[PDB]
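Before any questions on how it binds or moves, here is one chain, the form deposited in one PDB entry, in structure tokens.
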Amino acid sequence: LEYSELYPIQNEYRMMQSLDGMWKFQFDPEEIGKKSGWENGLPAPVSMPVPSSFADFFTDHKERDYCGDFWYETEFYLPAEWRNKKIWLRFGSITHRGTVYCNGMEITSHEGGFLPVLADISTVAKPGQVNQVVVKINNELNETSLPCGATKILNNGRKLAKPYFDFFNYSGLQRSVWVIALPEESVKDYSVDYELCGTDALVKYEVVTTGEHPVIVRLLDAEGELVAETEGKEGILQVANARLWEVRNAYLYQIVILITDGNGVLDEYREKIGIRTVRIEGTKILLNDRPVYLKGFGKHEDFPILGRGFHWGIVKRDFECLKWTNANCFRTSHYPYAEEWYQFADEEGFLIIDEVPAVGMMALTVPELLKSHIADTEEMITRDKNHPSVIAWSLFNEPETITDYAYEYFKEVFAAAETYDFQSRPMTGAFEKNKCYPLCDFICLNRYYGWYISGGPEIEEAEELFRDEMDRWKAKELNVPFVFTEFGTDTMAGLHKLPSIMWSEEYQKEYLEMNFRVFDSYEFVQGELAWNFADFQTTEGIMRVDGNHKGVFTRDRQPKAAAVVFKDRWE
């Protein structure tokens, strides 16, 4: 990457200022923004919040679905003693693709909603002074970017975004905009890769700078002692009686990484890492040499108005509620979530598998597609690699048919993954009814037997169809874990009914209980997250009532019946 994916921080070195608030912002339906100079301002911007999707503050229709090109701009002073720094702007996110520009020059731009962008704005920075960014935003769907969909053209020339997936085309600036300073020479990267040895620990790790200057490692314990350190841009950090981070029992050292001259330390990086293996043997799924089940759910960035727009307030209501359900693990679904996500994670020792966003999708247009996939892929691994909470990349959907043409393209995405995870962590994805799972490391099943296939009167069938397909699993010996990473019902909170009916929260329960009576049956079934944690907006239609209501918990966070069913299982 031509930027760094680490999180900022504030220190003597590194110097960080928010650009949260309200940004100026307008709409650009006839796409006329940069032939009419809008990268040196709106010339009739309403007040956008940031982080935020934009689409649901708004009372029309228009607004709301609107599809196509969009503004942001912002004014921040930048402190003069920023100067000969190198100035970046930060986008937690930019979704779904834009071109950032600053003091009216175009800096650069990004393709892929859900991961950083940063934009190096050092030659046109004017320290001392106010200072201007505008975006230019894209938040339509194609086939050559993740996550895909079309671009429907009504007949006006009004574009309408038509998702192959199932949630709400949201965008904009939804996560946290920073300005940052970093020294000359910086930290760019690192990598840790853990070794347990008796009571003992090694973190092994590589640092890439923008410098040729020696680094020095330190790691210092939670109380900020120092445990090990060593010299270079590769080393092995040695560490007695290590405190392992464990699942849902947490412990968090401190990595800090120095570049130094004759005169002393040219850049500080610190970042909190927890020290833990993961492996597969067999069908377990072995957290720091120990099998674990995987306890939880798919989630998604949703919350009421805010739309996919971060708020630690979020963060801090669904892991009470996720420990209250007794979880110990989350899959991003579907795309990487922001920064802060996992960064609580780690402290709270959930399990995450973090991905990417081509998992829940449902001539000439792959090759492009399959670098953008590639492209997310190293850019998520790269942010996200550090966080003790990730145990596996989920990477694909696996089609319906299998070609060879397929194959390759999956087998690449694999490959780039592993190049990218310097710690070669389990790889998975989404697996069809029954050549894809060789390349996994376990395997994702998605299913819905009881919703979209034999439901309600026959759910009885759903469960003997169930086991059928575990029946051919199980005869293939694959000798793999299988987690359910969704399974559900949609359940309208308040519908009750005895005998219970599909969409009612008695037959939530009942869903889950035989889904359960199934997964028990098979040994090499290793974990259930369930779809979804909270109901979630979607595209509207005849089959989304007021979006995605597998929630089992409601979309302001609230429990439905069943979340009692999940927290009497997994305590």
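Numbering follows the first chain given and starts at 1. Only the largest set of C-alpha atoms that superpose within 1.5 Å between the two forms is called the rigid core. What changes on going to the form deposited in another entry:
- Only one of 397, 446, 283, 454 has its Cα shifted by 2 Å or more between the two forms after fitting on the core, and that residue is 397.
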The other form holds:
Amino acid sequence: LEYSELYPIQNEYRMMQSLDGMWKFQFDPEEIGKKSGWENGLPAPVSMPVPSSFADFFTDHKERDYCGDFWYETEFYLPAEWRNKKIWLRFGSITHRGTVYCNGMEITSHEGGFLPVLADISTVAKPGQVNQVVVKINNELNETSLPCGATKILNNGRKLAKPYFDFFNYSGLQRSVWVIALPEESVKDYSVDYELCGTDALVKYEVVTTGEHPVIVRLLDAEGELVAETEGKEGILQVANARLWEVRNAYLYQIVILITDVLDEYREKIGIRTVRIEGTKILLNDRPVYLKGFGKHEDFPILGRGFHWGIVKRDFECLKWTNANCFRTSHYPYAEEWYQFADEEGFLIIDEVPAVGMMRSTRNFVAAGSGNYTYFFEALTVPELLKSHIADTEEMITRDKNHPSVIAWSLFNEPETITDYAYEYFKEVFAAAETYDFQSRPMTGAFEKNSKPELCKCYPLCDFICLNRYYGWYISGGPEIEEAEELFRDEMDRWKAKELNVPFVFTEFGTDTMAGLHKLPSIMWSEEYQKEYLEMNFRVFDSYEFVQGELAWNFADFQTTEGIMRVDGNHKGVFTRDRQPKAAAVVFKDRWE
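Could you present the same protein in the form deposited in another entry, rather than the form deposited in one PDB entry shown above?
Just the single chain follows, nothing else.
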């Protein structure tokens, strides 16, 4: 990379200052901003909270559904003491594409709206004065960046996003923004890997700095006492009587990285843990673990994908209530704070890159069950798609690798995988992913039903196999649910017959469920049917030895593109959007207990 992905901290060597609050905001429908010098300040702005998605604040269609260029602006005072430091703007994310300006100068551009953006403003920053940042953002959708979709142009010239994915195209500055000051020679990146040796543990590490001075690495336990110390950008910390990080029983050490001439110090909490695939088993610290939990979303009323600690608190309290131990970051990397808390709460995370919508369809959720092939990986643009896919894969892994909670990388969700065009594509992604991960932890992806065991060319790439199946909803279901169970067992029997000796994890299954809709006997959208559907699925899961995980879809109701198949978003949630349990929630709780 060309910047540090590390989470900002505050010490004697590093400073940070928040830019969160009310920013200036202006739509640029005619796209004349750059021509008109908006990079020096917006001419007629409104107020916009940062962090948040902008869409749900407004009361008119034009603004909520805005697609194209729009601008942010704010001012901030730089402390005079920040002089002669490397000064960076750190955006938690810019969705989807952006150009950062500071004091009139173009600093950097970024592609991908769910990972941090860093802008080196050292030479242009004015310490001891008020400074200006202006950001030009674009939220269009294409097939050359993630996530994939299309942008429709109406006859008045207004643009409209047409996703190939099933969630609303929220955008803006949805995560916290910092200005930070680093020493001229600094810790840029680090990596840990773990090995268990009886009661001892080895922490293999790697450190990348912006200079050549010696590096000291210390490991402190939860109370701050030194347990290991090494020198070098590569080495091994030896921990006697290591207190291992356990599922729903976390222990966190604090790693301390020092550049000495001290020139720089970085601290971060980590957990000693191993993850391995052996046969059909997923081994955490050598003991088989069964994944229980949900696919989630960064989604909440009014805030959109805007981060807030309160959402995290309620969501984890609910997870623990259902006795879950895992969730997948569908369908994109979350705000860094989610992983930090998962580390402390002892939750497992399948970390997913935004590789969703790689099958050309504007109502993809039902097109996944009919095998109509869209020639997606045969397009003239896929080299661009692959490059940005690998880029997002790199940024995610560099960012999240040192979290103990992250046990696997999901590198796609429901793409076309039945041709060799697809295989050659993902062969590259998997190769790249393994290169970026210091731990080489399990790599997988979520397959849709179209990827028949007889046709799929991509599952051999996976360390374990994640299936999204909706036998009971999109396939048969309702009156035909007994046929759905027969069809479901039939596909699993075919997978079993392959004798792959790899773990299978169901990463999606569910039914849209209206809070309050009761029916006796049950009907598809009712609360009772959600329960009956789950119990049928549970029966199938328990019929196969190599099934080692069940992640239900979804944790909570979330916002989608409006259409004839989405009644105010997606209602396959087990909890409502306001985080209250439907009837089927206790079914998970009793089972997972």
